[PDB]
Amino acid sequence: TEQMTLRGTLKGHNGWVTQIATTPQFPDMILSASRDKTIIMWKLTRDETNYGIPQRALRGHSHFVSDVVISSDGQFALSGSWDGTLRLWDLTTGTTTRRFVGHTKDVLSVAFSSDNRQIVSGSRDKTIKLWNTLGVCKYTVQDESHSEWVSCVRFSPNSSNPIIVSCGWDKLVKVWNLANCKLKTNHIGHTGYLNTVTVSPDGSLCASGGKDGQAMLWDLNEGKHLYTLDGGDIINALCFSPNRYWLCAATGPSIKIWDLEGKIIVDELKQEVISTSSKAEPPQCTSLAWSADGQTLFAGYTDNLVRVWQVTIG
Amino acid sequence: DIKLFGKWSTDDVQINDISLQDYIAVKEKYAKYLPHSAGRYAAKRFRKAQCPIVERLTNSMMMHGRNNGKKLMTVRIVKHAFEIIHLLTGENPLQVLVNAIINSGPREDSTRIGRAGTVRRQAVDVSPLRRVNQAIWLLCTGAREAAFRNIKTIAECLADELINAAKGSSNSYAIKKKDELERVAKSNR
Amino acid sequence: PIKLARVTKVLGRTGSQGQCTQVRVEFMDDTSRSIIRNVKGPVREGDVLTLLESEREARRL
Amino acid sequence: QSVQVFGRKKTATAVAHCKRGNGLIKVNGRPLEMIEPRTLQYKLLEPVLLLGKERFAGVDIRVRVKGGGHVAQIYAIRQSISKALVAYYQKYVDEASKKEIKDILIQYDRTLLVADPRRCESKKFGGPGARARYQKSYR
Amino acid sequence: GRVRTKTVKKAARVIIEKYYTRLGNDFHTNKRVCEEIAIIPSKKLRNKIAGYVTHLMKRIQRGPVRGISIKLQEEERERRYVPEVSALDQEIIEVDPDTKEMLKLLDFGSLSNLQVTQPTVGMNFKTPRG
Amino acid sequence: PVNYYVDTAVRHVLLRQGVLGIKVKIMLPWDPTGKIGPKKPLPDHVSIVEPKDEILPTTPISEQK
RNA sequence: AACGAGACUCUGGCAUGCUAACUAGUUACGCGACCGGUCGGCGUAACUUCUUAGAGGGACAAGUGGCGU
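Chains as they are written, first to last, in PDB author numbering: chain j, 2 to 315; chain K, 16 to 204; chain d, 8 to 68; chain R, 8 to 146; chain S, 2 to 81, 84 to 133; chain F, 163 to 227.
Simulated from the structure, these hints should not be mistaken for laboratory data. Check before you lean on any hint, since a few could be wrong.
[Claimed, not checked] Heads up, simulated DSS-like pairs for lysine-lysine below, C-alpha to C-alpha not over 25 Å straight-line:
hint: 1; chain 1: K; residue 1: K44; chain 2: K; residue 2: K86
hint: 2; chain 1: K; residue 1: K191; chain 2: d; residue 2: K47
hint: 3; chain 1: S; residue 1: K45; chain 2: F; residue 2: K201
All chains, please: the whole structure from these sequences, using the hints.
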């Protein structure tokens, strides 16, 4: 009964966007990593010619900015890139503060806890690295972490025990404990390599999307496979909706927004406007971000462009 | 807006041919403050048409051995010729330059068929970019052997072979040798 | 009778030393008279020539 | 308030330190009208004759040049000022005015913001230069 | 020109035939997976291989590629199909009179699904030679 | 690779009626150093490891540890 | 399959990412000189943009449109 409209496009980049970060502290500032060594802090003017402007580019890296997670307050950001470093910024300055050295390969995904004192980083080094905010290597997981790369690591935004999860290219969804670093649960249910895992905002439901295109639902605190969502091609992102209680599955050319319980698609988000490029492939949805209100969905594609959405309340 | 040498307006000029429409430079966005911009236009095919034509004249003006690298001696020749044109014809020195380019380039040529030394030609069309290149190679040539030893300075003699080439007069060196290339173009047809 | 012309497509490159490009030539008076005229110089598609005579067909050299 | 960038032609490197001020632009301790090749004065003044003194109103740049020749020093300077205002208007002013400056700068001439990479070739034995050969005889 | 020699193409083809699941359509991801699977010396060879792997994985999705294994190339298509009723499950099978004589000698003249069409009446089936 | 994978030797032998000269070259093997041959491989020799058969899944197994 | 070609090695171009630098410096602070300015003028101080040289990235016909059994 509610649609998803193309309200605007966030056109400011040159490379493929990989992650967009949102905050409840600021419904106006938007940070989006990309594949052109630059995170651009957006300012949503919400004008009819443009929904947002670029405000302050965070030009600090030397390779592809693979991931961006921001703090509770809207001043700090944790960023991973393919050079192996982590750039901890300070958003009012447009200037970095820290640099985390110790990853010899491409840092794939990072995550930031609520207390802004725990930093986890998953890389092509097959190592899980726990970082203090100053720069201390708190724990390197050499506890038989993963036989291949770790695609996405995530914290758990729960009132329960804060837990971490680590999907890998060896098709294993491993659950480890904070300040204990012991494997809690293995999930062997995927054909094809895992890409993204994210947790429902209650901190009890985890979805895992892989190469098969099948989002597998998992519990955190008891850990069992609940539902088996199906999609099209390879999942590139997974989110949740804290207000509308939906599963934000990101297939390639379209976002298949799914219901968590009914498993009914609200809208199919596929938009083609040209006919000259019919012999090529449409851009793939890599970046998916759900804002605090849930009214605005920030989706980013490989056409170096981020498409914002508005929910037609009807 | 942008004035060549800070004093010549660039928008009041008007080309006449459409055969040399795009292969003649500045109308609205090739307006440069100086001729020498030092771009790399000989990198790929069909890129010397998109450099300013005053720079084309200065590049084809350093074409003697003793002057084969001197460009700051060459921008003070177009700077010391365009004022002479502006005092002799009383209008924009760029317009008369384009009119001297259009009337001087040959439009019909003959290619040699046969062995080495003997010729039996046949008439062929002339490409528009080659018509532009043949004009500056004749207009620039005419201002050297004229002003060689006839006391008069070479900077105003470039104006002497540009102003008399804009009108199509037969005392200018370029349209002479154009029509000597046209009489042999009539000889086969 | 100075006639002006278009360029549709260069065919090949001919002559003794390969200098002469062979181009299929359209007229600018919108007729479909597709004369073939040999041209000497760098020519691309979409050029516009000034043909003095406009009756002789192109022949090899 | 400090922004420091360089510009380059063949061997000349002209670094340029930009701070906020009144509009004092003095390369090598000299104002721009006093550089002894005055024949490329408009090449030197192409930034300020494109962006206007209002953008140069709250700035203060002293360009530090060395190396190269004369023309290569002039072309290294104008790249440095144009690259300095872009990084200044990026680090302190928002992205929008930086974009408005940068787009008209690349629309005028791409050399003003990115450098020309071509540099001298080695000499090869058998000739006076890089490709030209010594004249060979026959019979 | 930019023609890849048989070192690049041979290594790319055997990486395709061994690791089709790890590869994709992005160049830069295939650049990273080949440098951990394979021991490749100096970087310009690793980049030239991974470009051919991207160009090759683009072409397998459109159909067949003659250089790589048929069993794998066909199997992926199958994996990437069941019709609900079989194409051999027809209700009317149109046969000739001469076909029904063969079925009559096969004691299968009592079939219900047959519909004896009449054959065409002109004896013209050869090409007009000349 | 001719600088560290081969080693040349030129020896003159003196016979009764003149000089023979012999030239011997040996293309050294691999073994990242076993004190024999170079450590570096030949720069066009690509070596691809064999993949190990991962156990294929049938049911989504949520195995706690 | 092998030699030759290619790959390779050296060099040129990019890094406000990293490593550093009293025999290289920038910026700043006082001091000194002459009209807030000029100093290849003096000494401390943040630091590597310039300057050196290492490690590593980076470009692969990779993306798009044509022409291609």
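Looking back at the numbered hints, which does the structure fail to meet, lowest number first?
none
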